[PDB]
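Engineer: If you want the building blocks of each chain, they are given just below.
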Amino acid sequence: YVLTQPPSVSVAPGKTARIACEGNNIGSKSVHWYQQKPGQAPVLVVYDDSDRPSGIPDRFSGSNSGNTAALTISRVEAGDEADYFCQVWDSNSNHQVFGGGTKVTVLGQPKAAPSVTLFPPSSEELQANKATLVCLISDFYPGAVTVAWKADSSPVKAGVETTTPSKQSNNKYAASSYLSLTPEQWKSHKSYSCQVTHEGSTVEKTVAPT
Amino acid sequence: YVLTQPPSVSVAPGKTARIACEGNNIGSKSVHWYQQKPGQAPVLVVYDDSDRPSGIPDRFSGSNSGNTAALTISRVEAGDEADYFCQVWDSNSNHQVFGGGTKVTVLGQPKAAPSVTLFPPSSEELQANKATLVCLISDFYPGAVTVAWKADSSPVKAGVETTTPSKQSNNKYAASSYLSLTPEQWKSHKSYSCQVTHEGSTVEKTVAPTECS
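Taken in sequence, the protein lines are chains A and B.
The numbering used here applies: residue 1 is where the first sequence begins, and numbers increase by one.
The numbering used here applies: residue 211 is where the second sequence begins, and numbers increase by one.
Hint data in this document are derived by calculation from the structure and do not stem from the laboratory.
Wrong hints could be hidden among the right ones.
As the list claims (entries may be wrong) - Partial selection, computed: residues in chain B whose CB lies under 10 Å from chain A:
#1 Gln246
#2 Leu346
#3 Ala384
#4 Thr412
#5 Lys415
Stated by the list, open to error - Covered by chain B, per the in silico footprint, the following chain A stretches (three or more residues, Cβ under 8 Å):
#6 32 to 46
#7 71 to 79
#8 155 to 164
#9 168 to 182
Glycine included, each C-beta is placed from N, C-alpha and C at the ideal position.
With the rest of the complex left out, here is chain A:
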């Protein structure tokens, strides 16, 4: 048995998204719907065609008849951006069958410039003869930044690592850039700087030894 979903559905916030799940006489079967965000397990949102489990807002509803079932998401929020899979039991094969999933994109969420917080090496770190600067980059949308570091206005490339942005519980992104140096290097400069570029705008913070 084969279940066919559109690979992709786009919806603007507050509007309604429809996720079709096509199968031959799927209306005779019982449809389950799953929401899955990257790195997490699938969460059940609708079951038995149109029932919601506990904690699922009733703007999630389903329908099923003929050759087509559908998940409808009313009043779409950024938090609904995810993969949705329809699942049915198939008596002939004697086990579950999944659709290939639909990635729901919420178009046009508000852009948000990152908050940049630059930390000097910790006391526990310097007393251990180590030093690390961390540039925390949070609350930005969309999820792409560039980071550049300077030591006393001179650019620093070696020793720099920046994580790939990932989505936080508020549906904005976070990343961190960090710079490994020696306690001697740290103290031998007047200041260090972290500059973040987001959507053609730049935010730079500076830190100096106390």
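Since the structure of chain A is provided, determine the placement of chain B on it from the hints.
Structural biologist: What follows is chain B alone, placed relative to chain A:
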């Protein structure tokens, strides 16, 4: 009904991987196992405790005895690297329930436990009436960790965000977790802790408010 899986299992090529799926008398549910690779739908690899769909290698075997179901992958290959989810029927809620998933890494380099560096809010941030702690987690492989925070002795959930690990230029993984507080909150506790779990290993670092330098 709750299914508990280990968040990560790692195995060298050609060795055996065991993925547990614990539940209270799970031995009397019928456990299905899914394999999921990045950007793909789940793929059934084992159904009804131990039955294989058509075309799954016999390296994959399921068992389901008492409090423990397990998926065993023998003579592991690189292509086995995936997320694995167990799933049972629970008509005490009357729908399927999933375990939290297990990241299986096929080891391509030495295991490395994470370096954990915990940063307090700077004096400068606190003067601007903000307070953020950052737990920097670096140089680890496989790329999966779980982070837990405490305020004095008390678990903290509010204000915590943790990034998904990402492969850095040295080919090991890094992530960070951060806790947003007010300065008043920060100064009202004697310590905060970040605890990082990496497979079997756990490291906890603590920091304390100080009245300055």
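Engineer: All the hints need checking, so say for each whether the structure fits it.
Structural biologist: Here's how the hints hold up against the structure:
1. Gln246: Holds. Min distance 9 Å.
2. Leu346: At 5 Å from the nearest chain A Cβ, B:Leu346 passes the 10 Å test, so the hint holds.
3. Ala384: 6 Å, holds
4. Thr412: 18 Å, violated
5. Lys415: Cβ of B:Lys415 sits 8 Å from chain A, so the hint holds.
6. 32 to 46: holds (count 7)
7. 71 to 79: As far as the stretch 71 to 79 of chain A goes, the hint is violated, because 0 residues have Cβ atoms under 8 Å from chain B.
8. 155 to 164: holds (count 3)
9. 168 to 182: holds (count 6)
Against the hints set out earlier in the document, violations occur for numbers 4 and 7.
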